[PDB]
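Only one chain comes next, encoded as C-alpha cells, the form deposited in one PDB entry.
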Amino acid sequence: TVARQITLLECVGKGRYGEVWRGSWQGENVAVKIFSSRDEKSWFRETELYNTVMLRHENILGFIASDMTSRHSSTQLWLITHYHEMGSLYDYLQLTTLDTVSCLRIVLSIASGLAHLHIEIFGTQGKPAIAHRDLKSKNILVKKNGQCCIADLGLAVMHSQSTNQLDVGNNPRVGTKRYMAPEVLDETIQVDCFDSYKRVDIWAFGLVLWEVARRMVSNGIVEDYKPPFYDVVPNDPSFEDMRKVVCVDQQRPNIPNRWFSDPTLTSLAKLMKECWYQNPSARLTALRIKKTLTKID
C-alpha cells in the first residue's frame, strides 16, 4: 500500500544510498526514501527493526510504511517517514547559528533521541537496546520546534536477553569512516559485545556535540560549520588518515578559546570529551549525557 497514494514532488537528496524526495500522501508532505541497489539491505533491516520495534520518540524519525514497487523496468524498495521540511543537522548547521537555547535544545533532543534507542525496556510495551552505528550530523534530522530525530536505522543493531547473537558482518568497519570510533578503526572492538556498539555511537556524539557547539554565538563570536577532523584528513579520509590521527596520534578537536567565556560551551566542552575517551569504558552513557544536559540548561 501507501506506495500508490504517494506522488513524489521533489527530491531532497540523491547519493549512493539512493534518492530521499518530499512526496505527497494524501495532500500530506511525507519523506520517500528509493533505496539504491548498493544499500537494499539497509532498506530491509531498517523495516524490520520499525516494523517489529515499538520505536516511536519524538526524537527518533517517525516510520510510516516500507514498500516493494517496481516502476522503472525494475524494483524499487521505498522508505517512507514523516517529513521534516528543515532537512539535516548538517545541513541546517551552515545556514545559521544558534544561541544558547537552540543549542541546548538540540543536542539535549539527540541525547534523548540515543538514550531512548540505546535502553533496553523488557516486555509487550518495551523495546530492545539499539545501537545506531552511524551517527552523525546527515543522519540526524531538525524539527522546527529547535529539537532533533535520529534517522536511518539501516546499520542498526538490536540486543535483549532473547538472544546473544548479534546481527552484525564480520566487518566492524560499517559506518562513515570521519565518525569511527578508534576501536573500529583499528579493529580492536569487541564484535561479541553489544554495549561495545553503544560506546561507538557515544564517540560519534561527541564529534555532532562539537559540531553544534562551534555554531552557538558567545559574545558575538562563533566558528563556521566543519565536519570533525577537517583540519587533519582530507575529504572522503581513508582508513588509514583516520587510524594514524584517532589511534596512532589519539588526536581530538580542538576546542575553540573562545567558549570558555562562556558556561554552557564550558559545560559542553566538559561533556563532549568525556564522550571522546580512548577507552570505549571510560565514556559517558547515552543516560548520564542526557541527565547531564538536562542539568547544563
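Positions refer to the first chain, counted from 1. In this text, the rigid core denotes the largest set of C-alpha atoms whose superposition between the two forms falls within 1.5 Å. Compared with the form deposited in another entry:
- Core-based superposition between these two forms shows that, of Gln125, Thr163, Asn145, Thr96, only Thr163 has its Cα displaced by 2 Å or more.
- Core-aligned CA deviation for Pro227 between these two forms: less than 2 Å.
- Superposition on the rigid core between these two forms places the CA atom of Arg173 2 Å or more away from its counterpart.
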The other form holds:
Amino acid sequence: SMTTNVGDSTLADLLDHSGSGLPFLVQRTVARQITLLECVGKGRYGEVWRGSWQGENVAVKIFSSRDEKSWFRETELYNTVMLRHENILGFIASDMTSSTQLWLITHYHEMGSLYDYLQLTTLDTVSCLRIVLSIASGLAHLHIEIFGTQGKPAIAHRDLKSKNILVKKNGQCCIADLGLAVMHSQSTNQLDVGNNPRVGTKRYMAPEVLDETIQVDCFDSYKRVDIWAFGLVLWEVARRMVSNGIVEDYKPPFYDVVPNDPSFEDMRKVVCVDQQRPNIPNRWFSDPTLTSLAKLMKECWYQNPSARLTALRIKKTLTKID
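To complete the pair, please output the form deposited in another entry; the form deposited in one PDB entry was given just before.
For this one, just the chain is written down, with no partner chains and no other molecules.
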C-alpha cells in the first residue's frame, strides 16, 4: 500500500509466538486502528462487525452493556491460556474505551455461522463428516488438559450451539464464544467458574441444567452438558446431508414442540418432564453415514450424564466413518 512502511507486520506476524492473541500492548493499538465495515451478527450479547486492519479482515464483537461479564471472561481466558487450534476461533485482541465500549477482535470467517450455513446449502457425506469431525476435534481440544509450560487447563464451553460455530473456507468449523467457559486443572483440582450471570442458550440446555440437578462444583458435569449440546448440533447438521435424493429442511432442535425464544419451563417440560429427544428421520436408516451419526447422537442424549461419551470418543468414532 501507499501507507506501507518497511517494518510493517501482518496480523499473522504479530501473532507469531503469552496469551492467545497479539502482544498485550499491541492489542489496544490494533483495535483502535480497525475500520468497521459491515454488521455480521446481532443478538442479546451485542453486535459483531466485519472490520479491516491494514487491508486484512477481522471480526469485532462489540458487547452490550448487559453482557459485559462475557467480555471479561472471554478476554481473561484467551489472555491467560494459549488457546490456538484449527477448530477454535482465533483470538486477536481485546480493548475497552471509556459510556464504555468493549471489543473482542477475532479472525474473520467469511463463510459465516454454521446456523446460517445450514440454511444456505445442503451437504454430502464429505462435507457433513468434515463439519462434525472438526467440531468434535475443537471440543476435545477444549475439554482435555495439557500439562507443561505449553499446556492448557481443561475447558468446558457451556453455550455450544450452531450459532456459536463458524465455518472456515476449507469447510471445517471452529468453535466460538468462550464467555461462559469454565476451567479446571487436575494439578490443583481448582475449578474456575467465574462470575458471569449469563446462562446457556435455553434450547440447547441439557436435562440436568433444566431440572437443576447438575453438580455445579464438578468440572466433569460441565463437559457432559457440552456433549448434550454437541449431539443437538450433530442432529441439525445431519438433517442437511442428502441421501437417496432426500434431505430435511433446516430446523433448530425441538422446533416442533417449543416456540421461538423458548422459556426455561418450555424446555424443562419437553426435555425433563416428557423426556423428548429430536426425532430421527426414517430415511437416515437407509444411509450408512446417517445411520452411524444417529447412533452417535443417541449416545450424547442419555438422561444420565454419566452414560454419555466423551468428546475424544466422538472424535475417534467420526474419524472411523466414511
